[PDB]
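Heads up, the chain below is alone and in the form deposited without nicotinamide-adenine-dinucleotide (NAD); it's given as structure tokens.
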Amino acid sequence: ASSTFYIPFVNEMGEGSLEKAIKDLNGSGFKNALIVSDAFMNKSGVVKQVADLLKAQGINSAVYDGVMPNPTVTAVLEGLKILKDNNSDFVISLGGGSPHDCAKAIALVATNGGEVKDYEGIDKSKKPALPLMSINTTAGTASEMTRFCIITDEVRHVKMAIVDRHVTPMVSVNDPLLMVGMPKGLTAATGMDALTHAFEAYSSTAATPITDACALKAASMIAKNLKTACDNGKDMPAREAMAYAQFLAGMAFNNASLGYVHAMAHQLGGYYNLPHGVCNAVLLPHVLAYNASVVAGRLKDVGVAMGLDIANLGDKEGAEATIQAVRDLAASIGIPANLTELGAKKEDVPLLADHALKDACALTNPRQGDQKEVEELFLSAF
């Protein structure tokens, strides 16, 4: 089957990539940047940092730090208000996945005029988004390079997936210098989110030789660095490795798509308002076991990439040994042991599974189940 590989045409990486990306704006014509970010990014001073570097280049900026996890239409609308009142001609997301998603929606609407909901689906926008630069500060999401934009309707209580090549940032930035500050908990969660992207992309029915290569490289680098990055966030080599790893994982899932881990995790997070990262982290092992009955061999490929001594094992054993390795890694970095700790409730599963099967990510899972299998899958995670 034919395929399509989406990605920003310019992707800056490594220590110093931030200064470089900002200096390249010289002669771009941009004068007013709308910086979309987290309250935590503005408090630590990262927002000022970017604002100042922009200044030195003669570029002004307005800040909207009202972005919280699970970006909503309200947040998008607020950012659009600031953009309007400042006539921002450029958008810069700063932070983790939430900021990137919110920025993409703001940028798309700014040029397409209408409502977020109108663009839910595949390539619904008629025109390119307002130019957008995405500066990533967590090592697991890759939203700074995907053509995905997921915004939550707070009123209806619904998550809308915008799959549009127009939301692909014009420039992505992955400077590990901005990731050093990630506390151990965040490092572990976003790291597992990235590992999840690798696993799901490699297991996807839309996998291609390119996504395969990226996903495996991501898994390998994660197995080699995540634990290190968690034990000591000052280890620059580890931070940089995780930055390339999460990007490679995005190169894979942005194009092969995901599976049941995210189909489900999107529900737990968007219902209990839990962190995207940790939800996938706790669900991963259980979904892999569920899929092992269909992609045992490929799961073994990932384990080998991860350095596991399973090359001489049959696929079943190799797969089970891989899953066990994921469980061990998760424990070693303190991921919560189950959905019970996450604060999930068995009474909500019937609805969680119901929405899970309707999530855009479910279509590519290797093993397709019914409203009753997904419910039982969920229950097995508590």
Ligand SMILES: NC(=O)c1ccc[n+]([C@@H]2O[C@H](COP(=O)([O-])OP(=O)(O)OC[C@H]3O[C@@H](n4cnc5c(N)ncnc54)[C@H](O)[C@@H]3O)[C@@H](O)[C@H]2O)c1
Contents of the next structure:
Protein chains: 2
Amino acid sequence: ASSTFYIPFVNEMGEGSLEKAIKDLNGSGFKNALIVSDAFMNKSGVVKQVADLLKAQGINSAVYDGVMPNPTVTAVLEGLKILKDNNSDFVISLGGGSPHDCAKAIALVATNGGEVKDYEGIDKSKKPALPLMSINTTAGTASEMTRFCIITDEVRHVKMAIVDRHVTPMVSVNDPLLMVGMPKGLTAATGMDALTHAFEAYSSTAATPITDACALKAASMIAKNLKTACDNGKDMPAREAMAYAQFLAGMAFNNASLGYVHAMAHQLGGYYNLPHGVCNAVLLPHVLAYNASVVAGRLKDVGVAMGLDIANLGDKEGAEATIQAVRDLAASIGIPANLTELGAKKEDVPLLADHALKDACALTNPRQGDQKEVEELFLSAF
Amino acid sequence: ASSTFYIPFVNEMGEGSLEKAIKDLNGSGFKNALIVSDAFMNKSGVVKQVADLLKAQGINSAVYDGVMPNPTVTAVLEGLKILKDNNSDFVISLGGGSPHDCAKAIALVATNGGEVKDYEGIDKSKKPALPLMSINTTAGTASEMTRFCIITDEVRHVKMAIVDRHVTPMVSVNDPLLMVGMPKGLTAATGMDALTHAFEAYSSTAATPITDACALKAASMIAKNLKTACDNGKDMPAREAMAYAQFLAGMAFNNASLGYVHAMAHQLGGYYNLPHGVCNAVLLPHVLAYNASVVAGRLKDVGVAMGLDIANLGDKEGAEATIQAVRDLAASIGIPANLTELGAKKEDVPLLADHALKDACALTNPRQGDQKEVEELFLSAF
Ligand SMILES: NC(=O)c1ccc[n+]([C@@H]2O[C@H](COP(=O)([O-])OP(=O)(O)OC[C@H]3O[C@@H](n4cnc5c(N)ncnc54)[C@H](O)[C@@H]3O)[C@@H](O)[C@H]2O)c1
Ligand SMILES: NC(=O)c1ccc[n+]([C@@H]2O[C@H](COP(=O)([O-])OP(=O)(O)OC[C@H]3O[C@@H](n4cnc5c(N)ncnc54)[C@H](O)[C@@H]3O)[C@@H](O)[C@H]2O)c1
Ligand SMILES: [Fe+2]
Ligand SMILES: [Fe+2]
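With the form deposited without nicotinamide-adenine-dinucleotide (NAD) in hand, show me what the form solved in complex with nicotinamide-adenine-dinucleotide (NAD) looks like.
Once more the chain from above appears, this time first in line as the rest of the complex follows.
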């Protein structure tokens, strides 16, 4: 239906895929890698691990661990500098979403024009970014496989969006071994983010038969494995399932886009720098009820995929039960009860709702609302 | 077991996807294209169509329409000659699986030099093929998105399989506008080929959560639209659904690989010069029954995705009902009833089985047999 499916040419997954991925670099002609990650990744030795595997392949590396949650333009320039001083010939992002976005920005500018803003928009760059490999460590973002790059400009205090086929990593890596170390909180929040991606992509007005297939399979796997990974981060089968699941969710949202959960969430965790993952998790149930008036039938499909015994229910009751199941799941893994517990203030709703309707994710939401409707939706999230 | 998921980074689909894909070449830098197609595509004017759209973007093009079913080394060589004399900077395949494979080979050799036979096997090429855009016109092969390139050596009558991430097209195009012209025979054939891909991918020992989801969705869409597309090729929705379906089947088989149906069918064609699509179509049900002893349960899963009322049946029964549904679907769209009609001769069975066991697709079949069993499988299809 006049659509486009974006995704990396190569996506390595499963236990041991990291070594496989690095091993595949031998003979590639790369000599100097730029490892873009965060403080924690470098501290716990994950960076070292990569650097050594790389050395065993005759490839040296330089490290930039100055990435903070919700990347910034200063982080990028910071990486470009380190990149230049080491004359890096390729980039490797390591960690959760933040490192990938920063890395995508580094690699794009590395081979293209100047500042980041010059690429704020859709397919702005004319040249492919420097080869980029993204190694994911959380089970919920999928930023390692998206063509999205959101860099925050602390000047104008506005977050720029770079939707470009050129920021799609050349190779994505989802090795569950690097995920076993996720504490319960990050596991629950990123997993609920993955679930949100499935729900919003499946509900999107830009949905295709492909995104639908991936979205439902993702919700199914998350429904059968998120609780386990939260109650036992060492359960390798559950970790591998979530890695696959979060990728499937990405296959879906990277191409069908999202909705009001994210449009609204980006405002709480944007102006109030809250952890992306949880904001979506708490908002999800409430947005589903709102959208249920238009896509009750499809919310039921998701509930059915989730293993719920509702196939015989009408779409209305099926959607409610699915909405209830999401609430029960969130509660079972420690997700906050409402925005009140997130530190949000009801007096900020009018501002949040206005900026929410402005978010690019709001465009594909199945139900379109006005200022009043988004404000009341917010207030109900408290 | 860890896995890898291969796919072009950009995949354009739906009505109008052709115009979008060509428009996106603007500012790409490509000024001279080698269009690889066949006699039909050229005479019917599809080649001119594409050539003209390229012109509107200031891109010249040279055509090679010598491709025939089961692309050969000779065809590859001729195409490289035209490429050379025109110094084409990128390749565009146009048509079904034959042009895509021929184009992948031409593109791979253009940058890697040597001969086609040198790349037979896994990831043998050292450099990425010349940029390649694949425009698919049949609804069943998906070769516009795979990392497989099958070329036939006419001199010694030998099919060579090139399994290399470097042959993955840069951009795939699936515009149902180019599939509307498929005659009922080709619609039925390629449609059954896509269904075979789904079955074999779902039955494969290299299946993953991702290939499973894609395979099942492909089977569900085919069971719902193939018959409609055959009865009336002017039905755009049907054509578009078949296009997404065949792509989804490719998402599955390019990654989990195939099985005995293709292992055997590749021989019938590479010997009696029979159409790829029809060979698998007639063999499918006989191989499914053969494999039913090991994967009856998964075979039942496909049946359910196909909408069969077998959810409440046991695996053996569910599987048998699935296989019968396949036989009935094939009959309903005019697939020849057996290998005798195709012109296959029992006297050649011993050699067909021998080579079938040596086919790369055979390694993933869920049930491994021997010379005698494969010969008997063949004869059972006469
Ligand atoms: N394109 C979009 O619209 C979109 C969608 C979803 C998320 N995002 C972006 O993605 C980012 C969210 O990334 P995220 O939640 O994966 O994490 P971050 O938010 O990437 O990292 C969070 C923290 O978890 C740590 N961590 C990562 N893996 C770990 C492990 N295995 N064990 C222990 N600690 C680990 C990090 O070191 C860090 O301290 C945000 O910047 C968000 O805005 C963008
Ligand atoms: N992943 C892979 O690499 C892969 C998978 C399966 C099959 N294959 C290969 O692909 C080939 C099979 O290709 P196929 O069945 O698509 O067909 P071809 O075999 O591409 O073409 C068959 C005939 O159909 C015609 N045709 C194609 N599109 C048409 C249209 N829109 N309208 C009217 N006629 C049209 C052709 O001009 C030709 O006469 C085999 O050679 C096989 O080995 C490759
Ligand atoms: Fe998200
Ligand atoms: Fe096939």
